[PDB]
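Trainee: Spelled out from the first residue to the last, the chains are:
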Amino acid sequence: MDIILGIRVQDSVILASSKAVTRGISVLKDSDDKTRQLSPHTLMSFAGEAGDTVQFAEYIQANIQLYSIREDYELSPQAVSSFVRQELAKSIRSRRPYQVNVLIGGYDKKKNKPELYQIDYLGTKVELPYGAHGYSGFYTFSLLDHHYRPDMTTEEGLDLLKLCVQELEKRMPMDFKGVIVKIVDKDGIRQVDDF
Amino acid sequence: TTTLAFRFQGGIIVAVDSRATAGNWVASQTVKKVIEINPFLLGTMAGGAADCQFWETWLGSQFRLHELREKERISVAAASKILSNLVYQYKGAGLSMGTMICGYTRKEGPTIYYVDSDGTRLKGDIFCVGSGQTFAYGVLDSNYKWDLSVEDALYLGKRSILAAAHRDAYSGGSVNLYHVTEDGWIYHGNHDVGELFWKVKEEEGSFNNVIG
Amino acid sequence: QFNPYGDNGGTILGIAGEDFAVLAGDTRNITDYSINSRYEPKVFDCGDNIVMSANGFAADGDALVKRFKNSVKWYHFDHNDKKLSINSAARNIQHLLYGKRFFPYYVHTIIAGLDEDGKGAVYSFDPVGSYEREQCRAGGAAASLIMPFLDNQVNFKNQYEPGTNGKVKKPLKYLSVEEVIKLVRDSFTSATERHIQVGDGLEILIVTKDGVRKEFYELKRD
Amino acid sequence: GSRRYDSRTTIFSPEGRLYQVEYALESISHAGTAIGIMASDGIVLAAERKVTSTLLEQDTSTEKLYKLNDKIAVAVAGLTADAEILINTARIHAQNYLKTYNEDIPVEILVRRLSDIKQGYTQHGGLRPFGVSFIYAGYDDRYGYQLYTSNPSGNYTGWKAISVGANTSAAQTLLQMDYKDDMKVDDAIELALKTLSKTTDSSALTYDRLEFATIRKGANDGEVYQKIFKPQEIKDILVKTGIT
Amino acid sequence: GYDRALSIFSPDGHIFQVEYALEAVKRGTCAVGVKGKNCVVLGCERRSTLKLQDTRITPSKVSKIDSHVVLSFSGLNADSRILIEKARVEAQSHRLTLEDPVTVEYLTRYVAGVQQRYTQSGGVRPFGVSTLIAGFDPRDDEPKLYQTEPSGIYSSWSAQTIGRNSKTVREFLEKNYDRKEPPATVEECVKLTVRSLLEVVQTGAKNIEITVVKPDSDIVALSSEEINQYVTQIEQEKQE
Amino acid sequence: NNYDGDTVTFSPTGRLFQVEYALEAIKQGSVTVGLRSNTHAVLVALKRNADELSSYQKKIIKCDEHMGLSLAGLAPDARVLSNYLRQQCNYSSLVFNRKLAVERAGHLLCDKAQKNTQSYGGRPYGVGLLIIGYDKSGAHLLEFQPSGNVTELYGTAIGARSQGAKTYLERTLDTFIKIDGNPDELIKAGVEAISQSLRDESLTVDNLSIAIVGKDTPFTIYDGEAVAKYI
Amino acid sequence: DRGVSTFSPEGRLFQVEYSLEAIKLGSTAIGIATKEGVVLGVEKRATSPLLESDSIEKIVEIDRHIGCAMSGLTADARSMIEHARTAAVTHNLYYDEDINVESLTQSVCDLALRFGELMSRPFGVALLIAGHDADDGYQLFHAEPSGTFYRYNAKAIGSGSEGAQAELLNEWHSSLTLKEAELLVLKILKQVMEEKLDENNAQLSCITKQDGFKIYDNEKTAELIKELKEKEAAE
Amino acid sequence: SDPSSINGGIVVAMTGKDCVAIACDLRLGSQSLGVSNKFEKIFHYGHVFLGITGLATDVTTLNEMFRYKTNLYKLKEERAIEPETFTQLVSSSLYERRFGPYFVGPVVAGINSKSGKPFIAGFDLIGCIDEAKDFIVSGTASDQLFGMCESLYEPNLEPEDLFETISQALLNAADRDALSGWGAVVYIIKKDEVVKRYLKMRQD
Amino acid sequence: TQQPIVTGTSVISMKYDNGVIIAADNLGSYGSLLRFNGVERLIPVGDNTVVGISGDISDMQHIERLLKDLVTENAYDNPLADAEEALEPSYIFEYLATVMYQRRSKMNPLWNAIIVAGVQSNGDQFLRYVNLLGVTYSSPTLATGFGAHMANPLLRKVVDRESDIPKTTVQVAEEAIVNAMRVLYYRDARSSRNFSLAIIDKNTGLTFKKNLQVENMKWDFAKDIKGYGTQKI
Ligand SMILES: *[B]([O])([O])[C]([C][C]([C])[C])[N]C(=O)[C]([C]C1=[C][C]=[C][C]=[C]1)[N]C(=O)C1=[C]N=[C][C]=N1
Ligand SMILES: [Mg+2]
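Chains as they are written, first to last, in the deposited numbering: chain X, 1 to 195; chain Y, 1 to 212; chain Z, 1 to 222; chain P, 1 to 244; chain Q, 1 to 240; chain S, 3 to 233; chain R, 1 to 117, 125 to 242; chain W, 1 to 204; chain a, 1 to 233.
Keep in mind that the hints were calculated from the coordinates and are not lab data.
A virtual CB, placed ideally from N, CA and C, is assigned to each residue, including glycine.
Do not take every clue at face value.
[Claimed, not checked] Here are a few chain P residues that face chain Q, going by a calculated C-beta distance under 10 Å:
hint, residue
1, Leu18
2, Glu108
3, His124
4, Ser153
5, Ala204
6, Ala219
[Claimed, not checked] List time: in silico DSBU-like cross-link candidates among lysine-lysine, alpha-carbon distance up to 30 Å:
hint, chain 1, residue 1, chain 2, residue 2
7, W, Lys38, X, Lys90
8, R, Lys221, R, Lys203
9, a, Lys68, Z, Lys100
10, Z, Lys83, Z, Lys157
11, S, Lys180, S, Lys168
12, Z, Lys66, Y, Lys158
13, S, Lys101, Z, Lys73
14, Z, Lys157, Z, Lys173
15, Z, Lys214, Z, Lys173
16, S, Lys114, S, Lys138
17, Q, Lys175, Q, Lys51
18, P, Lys240, X, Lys110
19, P, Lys184, Q, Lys37
20, Y, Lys199, Y, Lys32
21, X, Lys182, X, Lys19
22, Y, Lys32, Z, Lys69
23, Z, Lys100, Y, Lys199
24, Y, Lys145, Y, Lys123
25, P, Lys240, X, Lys111
26, W, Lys74, W, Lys200
27, X, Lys182, Y, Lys199
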């Protein structure tokens, strides 16, 4: 799929992901949620080749949910991100590699800190204050470089995110039919229904 | 090919064309592009004729085994995912499939899944699949409402295929209609485009471009 | 580089009647611009009142017919000499074809016979196994020449009744076995004239409740 | 054929016991006593070497205490060779977990993995079980300081204080008497040595017949240190506690 | 590979290895299951031969297979971990393919199928474990309680017990449990479960574990003090 | 005694007891007869029922248009061996466009049964077979034993009380061999031969089972009212 | 010890003969075939009153036109049923038709002797397979762990089998109605059962051409039990 | 397309009097897009330091791999691995993927704890060892680094002087490469102390 | 997949009233180089069949060994190996046809075109073709490679359909074959003058003729041909 964004503020991580699904010449759907909850305090958004994206995301989801049940314990965002990176780093030298890029947004309940990880299909992981995949970063990183402040509130983060989406809607050729926004904090994961 | 399916008050409408081509050569005008998987599930066919037939027929065998094992009707979600997981195993090998899996259960309500040989699986209210999908979308999007009568919904589906049959060179032949309700699907006849076009033109006052 | 496929030409035709069915095919076999044989049978009696032909690449065509004939034999062994119905034979052939989806039998398959109500039946396949029951089907090299003629003269397409001018269609009256054989012969005579890979001879297999009969007719040898 | 000579190592007795597991436990009861005591500020591991010689090079010797990683250690009781096969497997599992999740393996997860391997040898494969019982002493940030034990059956349990090998019955009674919940490491060191001193089959308990180790948060600020005691350091702690 | 047929028939038509696996279950600590009108309770025995134990970290007797289904057992502890692991994996696999969590009957049928497979496979012995599987089907308020055993047979129970002295507690339940009117509340159901264990346990201190499962993935384990209050109230009524 | 635990063990007198025990299973089975002339070859089989409510177990199996057999002993083992013959008959037809010779069919069965007698873990086959067929050298009749021994004969019988039918054929040898171009009379002789093995029970309409193959006669099986003619 | 595929001096496979003894210990199952349909009935035999009896599943659907009842070590039947269902559905996929009852039975029986040192032992359960097809009509088969199967007009397996079979010998004729057959199964089950027969400890089922395979409700069976009691008291 | 120059980056190492130095830039990119300015390329296992350039997924994978292997080494050997031994371990590990190699350019640096002798080494993507006396270079600006080191370097430099030389070598090489820069780190290594310094550089 | 290296050209054949005739030259070419001049490409099987092979010679020699091994295998446990259960032409052909199609189906073909000529037990004439693709066909006249283009036309003038077979004697048939071999020598750049011929008659059996030459060639008219158009000298 197309555009996926992420930003880490003072006390939360905010992920924004486009709603459009285009197969060829027509937009088959304009309300698609390009994300899966891996655990109560960890969310993963994804974008890449058709089919591979969902198949990979649900495969990861199943594995983390299996771990949660077995140990009766939630893995840290850092631990989940490392598991995901290894699966992609294994994948890249396979017969048919997973063609999927992801953002992992989670709140570490031990350290009481939000964390955002960016991982591409090769298995290239980086921890960031704000990140993006595909052509999204080409427009948005300049704005975030200017405005972001580490100690921003969640409301300030959403306003800075609106400024990013507005720029994308102005300068990107593809109509991505807006974005679904989700917040990850100490209380868990919730969706902003009006954006 | 033009195939469509949409959710509404009275359940689901499914409508398909009948044409099959090899290059510019019209191979068949009488193709059955709707598969009767069971009395409650329908599958549409677009892309490779063999791929779609074989695997959607196979598909009914897996569902029959599910309800034998679980003593319960299979869900449309589980149904569509069996197909999507299967084609994902063959990804890269060159399968060519564009399909809707349509049905109705107590727990789900009327449900439509778009399933694709790339592995794409999408739930949704309206879908159009095939070479003439864009033509059908035009008619649907401008006339669709949730509050449609079974009679009016059937006609909208019929009319949308007709639109695409006219303009798309690789669509045509005839229109097969199905209506999916609480108590299963109901076939609503084969409609030859050669007769349907002139009938619709006269009664509806449309296609003023064409001479008749 | 080695090319595992070839083209042996030929053309086949199946027509379903009210209580009978025919499957015809020319007897010419070719490669490029040479004739291999002027009489190489292409339509086969496979048992259980079923006739079959797999037109295109003859090596794949012979292999498939051979494997289906085999399937009929094992159907009798495994299910107490039960007669293999035409619809069951069709589904079985789909699985034979799709079994080689990623290295296909390069043929256009047609089978003919009677259904379980005694009515005439013809089934048609693509190379990778898709199939459909039909009243009429031509396959192979000259299929594009013959099918339109059959749409017109078997299903009375684009034909209406005099005096009404396009309002009332020509009624779809049934065709006798003598009437069908006339249409088959004319179809192949016409195809022979305009297609270089069609000629030499015409062999027709007729299927009725009484069994399987054969008829042979000469075609132009140029 | 070959059936004639098969001992059938993975079957039940009429009473519903596993012959080979029971017999392997009998083997372990003759091995040198190993003790583990868990305190609020650390864990102690003490163990007795079996009838040594004056010509045994002690300072380069290791038969009882083994390091699995920086946070986890084990005390062995049974066949040393069997234990080393398992120890190397456990060392690898810990490194696999660290590579996958980029975090040190929790103690219980490592224990469960080794215990599951032992179980496999009792249910399938027709091979004899490992004649080994472990005491796991480790630390992680979930449960803190932890003591576990596993045996050839593949069953494992958690402990505040525990013994394996010879004279466990006598040893466990003594530990049950003097152990308290608010205990500290220095006290636990003394308890471990006093218990061995009373349960030992030898005439006297000396530095050359012991292996000793501590896992302390007694490391500069929030972190954990493993200390495998040297011969001279065991000699000093024996004088300090007043045993020699 | 080791292919030896360990589970085989005998002249009188018995598979002794499967029957001896049941003897291992008889040795195991007692486990009990009771279903009320809107709940199921799982009680378990802890033998007090083992003190100086660390109850924080010691493996608990009741295991969550998913957020809505639990599994307790009687028999070999090491063997139970293998069944629990397989069950937990199959639970996630079902969610992944069918997009719906397992029914309690399905999960039981799977675990029972594994147990059966080990009674006619070469080179393996049967599991020395019987299980009690309890929970609520997705979007369903009807309580579910199933039992499995080494042979692989399974069935549903209004109330059931397994393990050592299970013959006694089954006797208690058969006279005390009424089908026309089951334990209406959580309190009544827990009380009946603790009562049944008190017929066998010894001391009501740290020897009884209780786990209550309610609809919609509502599972909680009672503490020592909470259980001790049930133990106190039962005996004070008994003094009469 | 001590040398009958498995098939991999000779006894001190050079006997294979597991093979001999398998041979015993055939003697417990119901009687079946085989005979031939120069033009035709016939199988006659007495079918056995469990009780009055039950059906009569089928004894004859078709292998090809020109070949088939009758069984006596473990029926599943006959299904395995007849399946193997079907495949070998079929391999010969597909590859060589050649109907498999009856003699070569016997050689293949012999070699298949042998491997089961020399290897540990496996077991011998517990069934005896009577194979009839018409090939390029005329009519044939074979007798298969699970020891591996296969024998070509004019006539024979296997199963319980088979010695009576075998003696009758030994007397009638000169008569029935001459029955050429007359199928009904050759069957009559087969029905009269199997009758010498009957006690208490007689040949009824659902008891008897006959099969024939010949010069211009494909392998066909007769059951039910089709054999009432010969009762 | 000794081989698993060993022959006895009488020419029988030890393990197969021993599995038959396990089947004799199992609960009773009866089948009767008529021109109007085939009836299948079983004894549930709950080990305790606390066991919810409706969860005891000893009558099972294989396809719409084939049903199955079991007796013996019933856990062993699960993989046999799974194979049977797979075979039935697979044949429909390959041939676009229902599979013959005999061909289905033969497929199940092929598993029987696949044991050695494949599975480690034979099955410890017998099956009654009942169904209908267009060629041979209404049929009832008895599938053993030996690999052998017999067709039957009527048949009883399990602990009360020889007593029940003798009763079926006298009662069965070729003009039996379906209603007569239902009552006849209930009559014979009541005769051989330890506990008193009711709708909770006994289960009926049938297979007809029209309606296919159906397991009877407890309310429907209860009426047939009451109808039986009255007609026995009538003379 | 070329795996070794998708992400970009550089590493350089030098020897001095009783000391060694290893340094790297901080950039990680997706071709022209700069993604991260905190991607360090130098890791250490005990007193042995390893710098890795090239495809970033392999940089991370190999770090995790050599952590795995050096930890098992330490448990069995009961001592920390030395630079000479570790060098051989890297060569072995890379060559086992001869025909499916990790797209990297590793660099080893450290002081032998027994002999006290300063040691550096470089490798190609498939294992070949370059054991230079003076200096080692790696990454997308290796040409630039070769030029800087060859002119600026002299033998037997004191630790604080060696810092200036290696820092200027990296900085000026990075500023002539589009895929290198965005920060820099320098490790100064003596027998029993190690100082880590982050450098201020142009952020384009 | 491979390329053919050492190659053999046309094999020609026809039916006549009492049997079949087949022929092929004795050359093994290495591209344009006429490398090997003594190569036998007709290989008899028993006294009732002759297999003529064209294309890759290494593959021919492999096929030759398969046929040699087929005769050995048929004799095993076969008292009627020289009588009723002897190898028929139809059996030998079907075996080859099976192998050829299997090898093409593994993308590793035997690079040949083969003609099996013979007489059956009942006296019937057998003549059928098979090649690297596994394609098979039968006809009163059959030829491979250049023979297909040049020999068949000539041979079809003698036997045009089935009804012309009884009317064709062995003398007339051999004459036509020998003439066709001469025409191929005139016009095929990878042919030789030396060739082998085989007759299989239902009465007189198998006659195998070696070291035959093309004779009665017309070349004298060449002396009158000068230049390419306008030249006179
Ligand atoms: B439709 O156009 O997708 C149609 C649906 C199919 C199920 C009959 N497909 C075809 O007609 C395809 C060709 C094609 C046309 C346009 C888009 C994609 C594909 N034809 C066949 O698959 C086919 C099968 N047998 C014979 C001839 N053609
Ligand atoms: Mg022509």
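Trainee: Taking the hints in turn, state whether each one holds.
Mentor: Hint check results:
1. Because the beta carbon of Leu18(P) sits about 8 Å from the nearest beta carbon in chain Q, less than 10 Å, this interface hint is met.
2. The closest approach between the C-beta of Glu108(P) and any C-beta of chain Q is roughly 7 Å, which is under the 10 Å cut-off, so the hint is satisfied.
3. Nearest Cβ of chain Q to the Cβ of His124(P): about 4 Å, under the 10 Å cut. The hint holds.
4. A cut of 10 Å between beta carbons decides the hint on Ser153(P): the least distance to chain Q is about 5 Å, and the hint holds.
5. Below 10 Å, beta-carbon pairs count as interface contacts, and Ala204(P) has none with chain Q, the closest being about 27 Å; its hint is therefore violated.
6. The closest approach between the C-beta of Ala219(P) and any C-beta of chain Q is roughly 22 Å, which is over the 10 Å cut-off, so the hint fails.
7. Proposed proximity of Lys38(W) and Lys90(X) is supported: the alpha carbons are some 24 Å apart, at most 30 Å.
8. For a cut-off of 30 Å, the pair hint linking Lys221(R) to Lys203(R) stands: about 24 Å separates their Cα positions.
9. Between the alpha carbons of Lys68(a) and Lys100(Z) the distance comes to roughly 34 Å, so the proposed pair goes past 30 Å and is violated.
10. Only pairs whose Cα atoms come within 30 Å are accepted, and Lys83(Z) paired with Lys157(Z) is rejected, the gap being roughly 36 Å.
11. Distance hint between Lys180(S) and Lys168(S) is fulfilled; the C-alpha atoms sit about 18 Å from each other, no more than 30 Å.
12. Straight-line distance between C-alpha atoms of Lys66(Z) and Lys158(Y) comes to about 45 Å, which puts the hinted pair past the 30 Å bound.
13. Note on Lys101(S) and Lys73(Z): the hinted pairing holds, with a Cα-Cα distance of about 15 Å set against a maximum of 30 Å.
14. For the proposed pair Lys157(Z) and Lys173(Z), the alpha carbon gap of about 13 Å is at most 30 Å, so the pair holds.
15. For the proposed pair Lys214(Z) and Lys173(Z), the alpha carbon gap of about 26 Å is at most 30 Å, so the pair holds.
16. A hinted pair counts as satisfied when its Cα atoms are at most 30 Å apart, and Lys114(S) with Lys138(S) qualifies at roughly 24 Å.
17. Taking the CA atoms of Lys175(Q) and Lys51(Q), the gap is near 35 Å; set against the 30 Å cutoff, the hint is violated.
18. In summary, the hint linking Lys240(P) to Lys110(X) is not supported, as the alpha carbons are separated by about 41 Å, beyond the 30 Å threshold.
19. Proposed proximity of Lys184(P) and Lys37(Q) is contradicted: the alpha carbons are some 50 Å apart, above 30 Å.
20. Annotation: proposed proximity of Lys199(Y) to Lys32(Y) holds, straight-line Cα distance about 23 Å (limit 30 Å).
21. Restraint check for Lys182(X) and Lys19(X): the C-alpha separation of about 13 Å stays at or below 30 Å, so the hint holds.
22. Taken as a hint, the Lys32(Y) and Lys69(Z) pair is honoured in the structure, with Cα atoms around 28 Å apart against an allowance of 30 Å.
23. The suggested pairing of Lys100(Z) with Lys199(Y) is violated, with an alpha-carbon distance near 45 Å, which exceeds 30 Å.
24. A threshold of 30 Å between alpha carbons decides the hint, and for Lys145(Y) with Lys123(Y) the separation of about 18 Å falls inside it, so the pair holds.
25. As the CA atoms of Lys240(P) and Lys111(X) are separated by approximately 41 Å, the hinted pair breaks the 30 Å bound.
26. Pair hint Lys74(W) plus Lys200(W) does not hold up; C-alpha atoms about 37 Å apart against a cutoff of 30 Å.
27. As the CA atoms of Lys182(X) and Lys199(Y) are separated by approximately 52 Å, the hinted pair breaks the 30 Å bound.
Hint check: violations occur at hints 5, 6, 9, 10, 12, 17, 18, 19, 23, 25, 26 and 27; the rest are consistent with the structure.
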